[PDB]
Amino acid sequence: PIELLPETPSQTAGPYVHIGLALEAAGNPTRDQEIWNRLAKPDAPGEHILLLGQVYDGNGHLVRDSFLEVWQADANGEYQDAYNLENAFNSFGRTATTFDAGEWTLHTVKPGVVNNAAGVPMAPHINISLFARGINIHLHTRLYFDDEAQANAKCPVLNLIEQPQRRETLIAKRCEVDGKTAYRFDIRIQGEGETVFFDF
Amino acid sequence: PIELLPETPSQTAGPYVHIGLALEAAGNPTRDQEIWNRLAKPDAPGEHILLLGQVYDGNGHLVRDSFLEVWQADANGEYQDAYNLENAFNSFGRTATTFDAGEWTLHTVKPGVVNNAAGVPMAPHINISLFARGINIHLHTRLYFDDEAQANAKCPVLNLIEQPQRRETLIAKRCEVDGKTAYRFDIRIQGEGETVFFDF
Amino acid sequence: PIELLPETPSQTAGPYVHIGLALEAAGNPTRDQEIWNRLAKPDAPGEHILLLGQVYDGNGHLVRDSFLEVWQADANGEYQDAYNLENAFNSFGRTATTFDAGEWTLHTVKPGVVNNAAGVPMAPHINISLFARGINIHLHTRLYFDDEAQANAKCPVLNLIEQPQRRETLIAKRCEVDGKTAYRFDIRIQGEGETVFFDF
Amino acid sequence: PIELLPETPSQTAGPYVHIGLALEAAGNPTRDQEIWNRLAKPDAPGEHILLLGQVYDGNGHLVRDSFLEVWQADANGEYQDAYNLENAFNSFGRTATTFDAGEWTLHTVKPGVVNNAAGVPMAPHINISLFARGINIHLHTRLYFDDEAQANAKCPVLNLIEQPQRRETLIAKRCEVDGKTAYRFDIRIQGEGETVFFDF
Amino acid sequence: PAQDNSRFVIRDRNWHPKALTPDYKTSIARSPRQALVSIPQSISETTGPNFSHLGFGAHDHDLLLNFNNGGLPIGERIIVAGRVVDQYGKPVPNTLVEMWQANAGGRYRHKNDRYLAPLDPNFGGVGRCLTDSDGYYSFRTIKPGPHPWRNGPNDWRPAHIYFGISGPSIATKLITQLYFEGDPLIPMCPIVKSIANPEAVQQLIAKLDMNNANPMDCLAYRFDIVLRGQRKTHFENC
Amino acid sequence: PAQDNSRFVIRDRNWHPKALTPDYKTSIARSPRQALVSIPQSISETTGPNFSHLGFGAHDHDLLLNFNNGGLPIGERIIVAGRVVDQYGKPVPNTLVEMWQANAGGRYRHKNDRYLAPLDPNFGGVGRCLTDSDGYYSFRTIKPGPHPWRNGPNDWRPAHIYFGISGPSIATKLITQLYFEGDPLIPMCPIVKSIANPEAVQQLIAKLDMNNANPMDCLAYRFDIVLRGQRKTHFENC
Amino acid sequence: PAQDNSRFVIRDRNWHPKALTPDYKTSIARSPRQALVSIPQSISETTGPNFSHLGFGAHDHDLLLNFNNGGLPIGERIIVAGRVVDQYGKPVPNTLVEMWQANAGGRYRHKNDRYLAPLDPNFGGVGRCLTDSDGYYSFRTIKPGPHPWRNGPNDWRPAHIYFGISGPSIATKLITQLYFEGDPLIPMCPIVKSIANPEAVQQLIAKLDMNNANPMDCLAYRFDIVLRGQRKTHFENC
Ligand SMILES: [Cl-]
Ligand SMILES: [Cl-]
Ligand SMILES: [Fe+3]
Ligand SMILES: [Fe+3]
Ligand SMILES: [Fe+3]
Ligand SMILES: [Fe+3]
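Chains as they are written, first to last, in the entry's author numbering: chain E, 1 to 200; chain D, 1 to 200; chain A, 1 to 200; chain B, 1 to 200; chain Q, 301 to 538; chain P, 301 to 538; chain N, 301 to 538.
Some clues are possibly wrong.
[Said to hold, decoys possible] Under the rule of at most 20 Å between Cα atoms (straight-line distance), these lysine-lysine pairs were calculated in the PhoX-like manner:
| hint | chain 1 | residue 1 | chain 2 | residue 2 |
| --- | --- | --- | --- | --- |
| 1 | P | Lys390 | N | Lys390 |
| 2 | E | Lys154 | E | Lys41 |
| 3 | P | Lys493 | P | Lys318 |
| 4 | A | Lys41 | A | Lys180 |
| 5 | P | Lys318 | Q | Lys493 |
By construction, these hints were calculated from the structure, which means they are not laboratory data.
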């Protein structure tokens, strides 16, 4: 058969990933422009939301050195790929868990609906890639929203998860943090309530 | 790189380990001198204690054919390598689980404090090696004491166990047995509450 | 390590190099345009000079079939790469030793100062490559001028020649020839007074 | 045939040999005890002498980074191998040429006569090993004295040099430096007047 | 805004390291035990950020100068350079390449690194750049030292530099580690050996590159990166 | 008392059998699933008992005479002898070597062995001795027979003798099994094959040793044992 | 005083580098053009200094501590250790071993080195010790960096440490250079290649020695040295 050049193989991002990708977290000075956890300036159209979460290992212990990258549509269901800190909204962001509490946060807007390649609408979602010490190749997941029950039920991606019980692992819980709309999305890498991870 | 002679590889001690190392337990006559589970004669200095325990497999079932070797300091925190049945105290001993109840016992004194190689004091501990059918290479652990909580909290060996919850697996529980101080130390080889095992 | 394509290896230009590169000298008709030993028309700015020299082998005997290529800055210290026989000045030229007397000549202007890559000024020089029967790969040298003694003393290229006595081998001697400024630059390929040759 | 383990191959001592073996010369602080160029305290028996010399390459240029080790009998013709800075005399010493003048010096006594393995007397001599940048394996030579003409004539080592003219290269020249008896011993590594070097 | 107009060759997850590689101890509890759920590529997966307009500082790619506290860092001066291509051999231009590392002594400038080898006051440990229009990147740095770590009782990472590459979509984004030609620690490392196939390990070993060195100044290493092949859609929805 | 003045070469736990080796069925539930925690060597690990003054009976090393109930045991008379050294090749003198085994028919003298082959009234199955000042040990015994066991539906252990060796510390202590040169059961055994590397398996195979045999009396097998290499501490706490 | 009571096996001067090795440019004018004159061994050649009573400071063998100006040097912490033996395999006890080197960046602490890589304020570059009664030596240092030099237009020394060994006589005294396992600069260096026989070059390459490393602290390399064989005289003058 036809063999292409092989892809460069992945390796763990390691416990000191913050040196390269989360400078403040490492304890170091930042550069003039950093790619970080605020996807929306206050003037961005859409519903402004806080996202937060904790990451657990197979023993139910916090993964305190996790690093997350996120990719999401703007409120109108459009992916904005021209990354610029001058923009009111960027579709891409980065965050990391705090070493003491194990909590990450993101500041964004709720994404609009995007169609799959067959033209079927997907429920509102944020694409997440998870990196850490002990993770050899990053884990892909999606964060969906518990207040989108009717869309979630019809999502062609959620519907590829064979067991309905597993679909629940991808649904973030609406709450209020300091009077602001928030959603909690915890990830369990392994064992009871293991988060669905994707290959594509 | 420099390659030395390879070490002879380990194999399981098997279910009939007692033929060689626990003669009475196998059902057989003993020799004039045997290495066994009484490390201290009544005249040894220090606090005389009973140790006892059971060993569990990954399904929560008793490992009834376990064989244990122990190594501990005397009450002054000094290791006594000159093994002699005439001694009031020996630092080394052996025990095995009963085939009916699955319980091992040891009669000893509480060990004194020993520093690590860097001069930092370790909490009082008994070093244990566990052998059995199904165990291809013996498992190393340490028995610490629940009446040493303050010392345990500062032990530089316990502090190498990353999760505090796992450190609890090494703490023996103090009780009274026939009016003498006793500690129970159960070992869980696998699964929930899995005992920490060491490499060194 | 990274290996590139290997360079085509050098070979001697041979005793009949003139057939290809010095047509008159071989005894043959010339073409309409030839690359030869007059770098400057009378109208070129700068000090017009004659250069001449002889080439000696390791036994002190004339190398009568030598072929030389020269490359030099103009009077402003600028290299002129756009070779054109219509130009008042070309930075490149060719010459050859006569078979009877063993002497080559060049008609040019004195070059201006050029800085090395570190911004340090090099004394005025003409870069020379020497080819001949018996020379497997051409020899690189530089012709400096004895009326630039203060500049020569500070040249960072002459200063890479460890022994001061060897630096003297690169200094052409000023004379007058039919009323015009001339310099003699003799080359000794081997032995006593051996000319410095460069690699770069 | 019989093959033993091969000897570790030599390499050049390099231009910075002084870092390891001539600390002051490198520009660096010395240690409490250094092996250096004063073989005799003022109270040593024998004729006190200054030795001095310069080292030339094949082009007649000074070898300014030369390092020399010497080994010689005391005034009574005995080798003193117990090196100790408390001794009145040590048979071993080290010196190096100055970077500006290219001159090395040694302070010692004139050695007494030593017999070869056949019991034949050798003329008074100092054994010298020469190390430097460009010298892949050290060169062995001997320094003899011009005021020992009768002994030199009969030396069984000098007599192994086939050509009498070459013997002259090993004879140091007596002089006076600041009213003190001295001998000059120049070494020519290559070419005219090349110093005899030994293999043994 | 971004458009769905390409597909990316599926990853070979036996070429990449698997999730569960128990000799690398921390992978035991941080590896999923359920199978990954395969999904078809949509605009969500086949698009990604372009960083053409991120503002880079003058020295962002130069670790000899980007943590200047009064002098140069100590250690082996090297250029690390290479090309980013996809599996069809197409260059990946204007893509974000980030890298980070310990100093010459294997000490990381991170609050959580307690290794006893000292920090270097003029070395930070992070670089970033974009590949040029032909897919080439280059960094200048110090060769990092091996680093001991609490895996087995005497485990040492080979000298390594972490790399993050965005590529054209979130489907192509990769983090990996670069190792150095000839390092005798490479065959011994349980993180290197998370990769099962020895030919895949070879793809992470940077080669000494004398042709790119600056004489009397700095050596050079070459590290080429291959991202997932990108092709146009064909015969879809029909 | 004992002192901390030695260090022991770290074990290669891919040379040793791993904990989980599922073809050996009882290992499945008796293997830890969490990683071992590495700790640095201290006096607790680098010391161990010395049995120079344990009292041995006259026949402790001689299984032909140590269970004498009126006659000699039935079976192949053999001497089992060899040297205990560390990985640097240094002999390990005055160290405790214990061995135990089934009889000629593969029956163990243990209340839990219900194999139908008979006990031998003059065979017990345990020996012990100390190595001599040059690291040598020796036993006399009967060659044990193969033993069937309830692993797979037709599994048989090769003839084997268990050995336990103390060495200079609890870090060196080892239990292993000796097998016999040429035994066709060896490559088929799931306990043998708990050891992944075939070269490691070869290290457990005792060789026929005609030079050590007593003519018209008993054969001999040679089994050398290698314990972890022991070195002095250097450059510690500085 | 010293006595003539031994002979030293004659050197193989095709095993050692020859004097004239023109790719190493400075050897061209500093090599004799006349043949060496062979002479028989006498007490002059077969004796040499013994340094038992030279006074060594506490840190003479420890380059991490012997140039302490307020901190540790930057770079890869290593122990360099080995044995000195003669060609008959006999140890060479109580012999002087000296070593010197550049710092982690290839910069020498010598007034004549103007390479642009910085000095390390806590690194000097020199060590010395005596071999013990069994012929072993050890140093602790920083791994030196490669060094560019003005030989060819882009020449770089591999990482190297200079060694000087006295041995029992002036006939055994040697200076050499140690190189490090796997260094890709080794095959390219005109000083290494002054040695014609590639098997001789192998004798200068120190091997990574994990067994001698201090976990979480320093790696180790092993470099054994072989000096000329020493034998008694026999049948001489008869
Ligand atoms: Cl660690
Ligand atoms: Cl140089
Ligand atoms: Fe790392
Ligand atoms: Fe068995
Ligand atoms: Fe021709
Ligand atoms: Fe050097």
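Hints violated by the structure (numbers, ascending): When the structure is compared with the hints, only number 2 turns out to be violated.
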